[PDB]
Amino acid sequence: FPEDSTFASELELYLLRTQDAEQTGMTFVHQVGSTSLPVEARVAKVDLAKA
Amino acid sequence: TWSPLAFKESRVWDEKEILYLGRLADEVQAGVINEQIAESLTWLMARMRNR
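Listed in order, the protein sequences are those of chains G and F. Okay, so the first sequence: first residue is 53 according to PDB author numbering, each after it adds one. Okay, so the second sequence: first residue is 104 according to PDB author numbering, each after it adds one.
Calculated directly from the structure, the hints in this document are not laboratory data. Hints are not guaranteed to be accurate.
To be verified - Capping the alpha-carbon separation at 25 Å, the derived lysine to any residue pairs in SDA-like fashion look like this:
id, chain 1, residue 1, chain 2, residue 2
1, G, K102, F, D129
2, G, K102, F, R126
3, G, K102, F, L127
4, F, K119, F, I140
5, G, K102, F, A133
What the hints assert, rightly or not - Partial pick of chain F residues on the chain G-facing surface, computed with a CB cut under 8 Å:
id, residue
6, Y123
7, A133
8, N137
Heads up, the beta-carbon is just placed ideally off N, CA and C, and yes, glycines get one too.
Looking at chain G on its own, in the form it has when it is part of the complex:
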């Protein structure tokens, strides 16, 4: 435990957790001369923490 110094009494650590949407998925297979089809919807999440 290397020592450290501060001027204030209480110590608050606020952690911000982040689950970004993972770049997954393969490009859809189609035949030349066709209208394309769209991609799915993905989710990202943010949670926090107090200590």
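Since chain G is already given, all that's left is putting chain F on it; use the hints.
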């Protein structure tokens, strides 16, 4: 004949307020009571005027 009157009062601050005193919005260090003493100083200045 004539004889005056005397008017004195005290005001103290204990250790727990003079050490633990920040603010509400910010993460300010403990040196706030040195600013808050001046308020009671000028308040006793203005309170001796009211007698």
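These are the hints, each one checked on the structure:
1. G:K102 x F:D129: 16 Å, holds
2. G:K102 x F:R126: 19 Å, holds
3. G:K102 x F:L127: Satisfied, since the Cα-Cα distance of roughly 17 Å is no more than 25 Å.
4. F:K119 x F:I140: Between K119 of chain F and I140 of chain F the Cα gap is close to 15 Å, so the pair holds against 25 Å.
5. G:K102 x F:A133: Holds: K102 of chain G and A133 of chain F sit about 22 Å apart, inside 25 Å.
6. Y123: 6 Å, holds
7. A133: Because about 6 Å separates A133 of chain F from the closest Cβ in chain G, which is inside the 8 Å limit, the hint holds.
8. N137: Check failed: Cβ of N137 of chain F comes no nearer than 13 Å to chain G, outside 8 Å.
The earlier numbered hint that this structure contradicts is number 8, and it is the only one.
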